[PDB]
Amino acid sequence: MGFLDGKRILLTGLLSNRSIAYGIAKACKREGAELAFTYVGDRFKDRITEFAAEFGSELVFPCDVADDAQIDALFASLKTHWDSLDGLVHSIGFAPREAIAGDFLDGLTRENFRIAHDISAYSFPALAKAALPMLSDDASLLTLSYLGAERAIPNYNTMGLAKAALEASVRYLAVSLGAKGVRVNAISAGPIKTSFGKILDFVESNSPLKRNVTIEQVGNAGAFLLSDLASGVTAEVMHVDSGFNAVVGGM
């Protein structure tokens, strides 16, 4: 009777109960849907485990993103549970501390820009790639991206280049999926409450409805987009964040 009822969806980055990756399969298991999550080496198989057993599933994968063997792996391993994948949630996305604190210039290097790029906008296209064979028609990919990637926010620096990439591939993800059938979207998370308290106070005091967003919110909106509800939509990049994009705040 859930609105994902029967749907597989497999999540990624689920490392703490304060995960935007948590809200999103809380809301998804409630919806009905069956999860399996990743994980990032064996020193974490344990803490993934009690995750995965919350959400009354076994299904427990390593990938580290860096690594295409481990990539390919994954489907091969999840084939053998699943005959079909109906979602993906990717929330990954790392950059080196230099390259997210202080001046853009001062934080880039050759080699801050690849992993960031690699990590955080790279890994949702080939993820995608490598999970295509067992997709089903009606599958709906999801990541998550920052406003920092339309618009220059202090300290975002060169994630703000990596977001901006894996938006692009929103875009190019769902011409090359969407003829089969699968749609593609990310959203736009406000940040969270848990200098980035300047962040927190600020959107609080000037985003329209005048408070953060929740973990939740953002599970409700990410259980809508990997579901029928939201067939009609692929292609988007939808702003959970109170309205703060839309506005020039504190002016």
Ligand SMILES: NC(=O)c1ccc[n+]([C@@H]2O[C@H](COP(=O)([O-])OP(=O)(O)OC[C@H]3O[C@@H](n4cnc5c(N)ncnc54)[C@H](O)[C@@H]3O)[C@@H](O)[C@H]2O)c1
Given for the second form:
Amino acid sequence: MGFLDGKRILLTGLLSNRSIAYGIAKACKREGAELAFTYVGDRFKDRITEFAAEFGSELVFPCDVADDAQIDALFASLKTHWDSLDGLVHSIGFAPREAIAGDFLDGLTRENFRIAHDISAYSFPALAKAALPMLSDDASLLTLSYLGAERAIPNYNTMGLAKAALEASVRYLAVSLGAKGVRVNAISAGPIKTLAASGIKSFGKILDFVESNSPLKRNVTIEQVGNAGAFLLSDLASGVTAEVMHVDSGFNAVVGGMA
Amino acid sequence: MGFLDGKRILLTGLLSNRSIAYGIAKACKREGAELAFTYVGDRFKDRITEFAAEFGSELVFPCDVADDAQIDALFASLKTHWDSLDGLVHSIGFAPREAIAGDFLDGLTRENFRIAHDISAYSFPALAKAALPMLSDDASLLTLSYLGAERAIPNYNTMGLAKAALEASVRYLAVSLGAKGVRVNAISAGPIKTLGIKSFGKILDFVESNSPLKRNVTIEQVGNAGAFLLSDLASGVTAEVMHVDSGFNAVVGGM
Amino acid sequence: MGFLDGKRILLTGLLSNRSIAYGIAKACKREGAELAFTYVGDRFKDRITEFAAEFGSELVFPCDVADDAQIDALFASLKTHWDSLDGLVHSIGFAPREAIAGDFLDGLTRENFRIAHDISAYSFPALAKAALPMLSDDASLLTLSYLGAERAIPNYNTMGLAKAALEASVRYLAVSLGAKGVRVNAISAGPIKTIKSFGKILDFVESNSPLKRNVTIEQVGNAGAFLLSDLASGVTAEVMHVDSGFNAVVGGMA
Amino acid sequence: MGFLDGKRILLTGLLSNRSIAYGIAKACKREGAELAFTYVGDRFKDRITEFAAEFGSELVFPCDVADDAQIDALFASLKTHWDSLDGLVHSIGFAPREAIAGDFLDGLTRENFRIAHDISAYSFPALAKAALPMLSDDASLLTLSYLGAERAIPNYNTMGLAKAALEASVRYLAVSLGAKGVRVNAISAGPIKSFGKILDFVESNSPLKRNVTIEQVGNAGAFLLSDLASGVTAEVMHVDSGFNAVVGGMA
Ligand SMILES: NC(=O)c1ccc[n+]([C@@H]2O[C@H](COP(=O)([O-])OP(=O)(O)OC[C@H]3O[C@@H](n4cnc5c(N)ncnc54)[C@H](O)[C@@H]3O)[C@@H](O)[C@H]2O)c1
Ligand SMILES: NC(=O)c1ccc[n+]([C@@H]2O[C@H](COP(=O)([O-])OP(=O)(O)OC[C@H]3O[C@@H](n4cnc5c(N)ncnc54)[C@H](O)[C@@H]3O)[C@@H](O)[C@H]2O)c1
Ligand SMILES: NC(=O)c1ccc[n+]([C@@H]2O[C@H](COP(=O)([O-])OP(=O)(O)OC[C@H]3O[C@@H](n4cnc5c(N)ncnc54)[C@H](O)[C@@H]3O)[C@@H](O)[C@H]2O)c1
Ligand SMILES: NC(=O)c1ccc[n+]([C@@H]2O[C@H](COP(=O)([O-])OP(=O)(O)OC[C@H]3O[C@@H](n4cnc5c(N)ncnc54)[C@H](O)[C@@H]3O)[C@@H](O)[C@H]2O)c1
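Please supply the corresponding structure for the form solved in complex with nicotinamide-adenine-dinucleotide (NAD) (the preceding block corresponds to the form deposited without nicotinamide-adenine-dinucleotide (NAD)).
Below is the whole assembly, all chains and molecules, this chain first.
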């Protein structure tokens, strides 16, 4: 009797029990959804299979979003298991290391730009288009963004451009798919404290700053992002589309650091 | 177990079973919350008592937000029933008719401006301030706004100004109350179709034709989003103005 | 010659040679405009008359925007000298001190809220309405706002609400007056170096803005002159940031 | 003297007397600037040379921004005439036609997406980076965007994504170049078949009840390129008769 009972949801981007996708998966499973997962490379098949089993699922599929052949095969494969798809979680992003460090121009190249936008922005509407023939009429598609799309954040650089494109794709997708009934939204998530992420020194300084300056004086967790994601994927949110919802302890709404 | 199980929530602005506050009330009660209600004027005591009964509550209190004493007396009274308050729904707005019809300047007077901002904007942080001594550390405060705060919409006029101030108060309230743990948000709702004004019918038709989902929102949809924001499911969400409007805010419609 | 040649512009809010209105007045005069000024209260009549003379003007008028009668009498008096008005600069703002210091709720009262919104927001469309019978078809109306309307800034508090209402009034005014041809805009100015908390903000902006410097009244003045001029004839309903880019960044996290 | 007197400004995207770049060129020249121009394709060398002479200039350079080598050669060549560059006008945009007509998903392919973002977004910071060694400390860089970056506009489709990335590049460029003193801004211009329907709608529904002209965009651009705008950076300025600020069609 959870608020996602019977909904069939495909999640990308599950790499560990610290992934945002893992938090979303937990909340969706808690609320009654049936889950399926994608992975990148045969070397990760066994590990994603273990995660799927944790969520009562045997449905895992390769999908390197850099490759048309894998996008164009993903939903043909899923269709042999599920007549229709109710939810899609796009939790994927990448840019070369030099493009998200230091000076924006020093780290700028055409290939760095191309890759960042290809993986981090194009892949969301690309997956939506490949899924369309088996989407339920009231399906819900969800992607993940970050405040660096809206305002300049140190080091975020080329990923900020790609996330702005991603957030625009939410709006154009919502129009394209909305007459059928499909909703499309993003969560603009705050930084997440994990063991490895805190080791990244510049990222830890952001965490500390958000902790000191966000309205709630605390960083968000994957359970809080996961719950917001489960809401947007559900019929509870049937009035909500083309929205970029901040789940960031309110950080986006202030000018911090001046008190 | 509903996702508001045990939460004690005060709702203002419940006038009819087509109110947005009605949809929010229904969704909160569905998810296990205990409700209390305000009303304006002794003549409406019976009607609000009936509504509270529908939601299993006997807690109704007068509160004209134009009156400082009634705002203070509201929470003094509620405190004898509830040790702490977990939610507040602000569904209150008003401007004199001429200030929300026709040309913006034609309906502009100092008193029309004053009333619209007093009732529709000041009352939200005023209620929050009076409630603060009994708010739980996890409390959630919710108000209702409209796209006319962000862009100029025909006839909305002076209410567009007041709603912009209201949405700003959401951000300043979130800062003032957030260290304690209290969250503050607004829902920017689309128009709600009931049994009217030729100008309002034109807006409803236009939203149905031009919104991404090609349909107007219902009080059930706004209510479910409200229940979410009032709940621990939304513990990461504060200072947010969430559009519940079939996506209408995100397009340039009509072309 | 200058790009405001022959334009007749009324400026409010000139209190000193540090005022934003003084910087706007200097830029407008530099570009050929004819200027007139308002003042608040009989005690300031001599001081505004001295400032007006610096700009080659003898046109000064009382206008306490709290008073309906002074707003109405202002444009009757101005019409005696000027058949039409080409520009209006609204540089007026006030909130009781407690409402713009400390905690937002600590300083919140109904009367503090009322005054802040009456003086800082209502007065702009009020002046526009009273000016309309004599506005030229290509007049330009300009007000001043601040980033605290858009995001929560420490201590700005009730003024943030009033400036949000003001920026909304820019849009509704633009629609009301636009068919005639009148344009309506705001400048969201950065803080002007001229309080311990205010110094903290100035330091933060200088350290974290893209241009690594606070703005001057000269820079706000030139942007204002631009918006008041035919160079900006395609621009209305705009809130233009003149703030060294500060609004566009998340500072302090290095 | 004009408010751009002596400023040396390079303009891209001048294809005809209807180009936004032509309106900016005319205003900049009126205000005393010295101009240089780029062009694409040897077949257009004559046409751009005529435009340069109209504005009292002999300085024209080939630059297809799809090609790293042409971007690098552009500023190497320009440096043999100008020791420093005071202004740059990026007025370049392209997507394959099917990506900006009809339904958003019908025109969406990896290669259409790549081209639209390559030409319409990457090229602005690419040019900025190649120009940097010769940019004056107080130089001003200007790009052109459109409301489709902010809200979904019919048919604009993949170009809406690319313009959103472009407007973000304005903000990251302003941070990167700002300590030096360089300013970076965009003008979100109103529109200048399904396109004529949009012009009618904007004329009927914008606050000023009229479409913008390249003269109005050009004067706003000259302002942003000048020291009058020395307090302004990282800004996207709407020059669109107020259209961005309303919900039209409902009256
Ligand atoms: N981690 C945060 O603090 C944070 C904050 C805000 C937003 N986000 C966004 O949330 C999403 C998930 O991020 P995260 O927190 O899990 O960490 P992350 O950004 O390190 O994860 C990126 C994910 O993309 C996947 N990916 C990369 N290249 C791929 C390809 N070619 N094909 C398919 N998948 C590919 C990876 O497997 C990984 O799971 C991302 O879009 C990220 O930008 C993250
Ligand atoms: N109805 C819509 O289409 C719509 C759309 C977007 C936002 N909203 C907002 O949602 C809220 C509720 O809207 P609604 O649909 O229930 O109808 P509504 O617009 O009639 O709500 C106004 C409410 O304010 C209350 N109120 C008025 N003056 C009061 C006073 N002095 N003291 C106390 N309460 C007072 C009334 O009792 C009423 O319940 C309002 O804030 C409204 O602006 C409504
Ligand atoms: N000074 C800054 O750093 C800064 C930054 C951004 C925006 N702004 C805004 O720019 C405008 C000018 O501010 P400022 O920097 O010159 O200083 P200021 O904000 O202290 O000046 C306020 C002005 O309003 C006038 N005023 C106050 N009450 C009035 C009344 N009842 N009737 C008529 N006029 C009245 C005063 O005479 C004064 O000229 C204000 O709107 C202010 O909020 C200022
Ligand atoms: N035309 C409008 O209504 C409008 C409205 C808002 C914004 N804009 C933007 O303003 C700019 C100029 O638009 P416009 O009205 O002059 O027409 P336009 O959009 O047709 O011009 C695009 C320009 O890009 C140039 N270009 C294309 N590919 C190129 C390449 N590989 N290398 C170099 N240059 C290349 C073309 O020569 C052309 O001048 C564009 O960025 C456009 O998106 C236009």
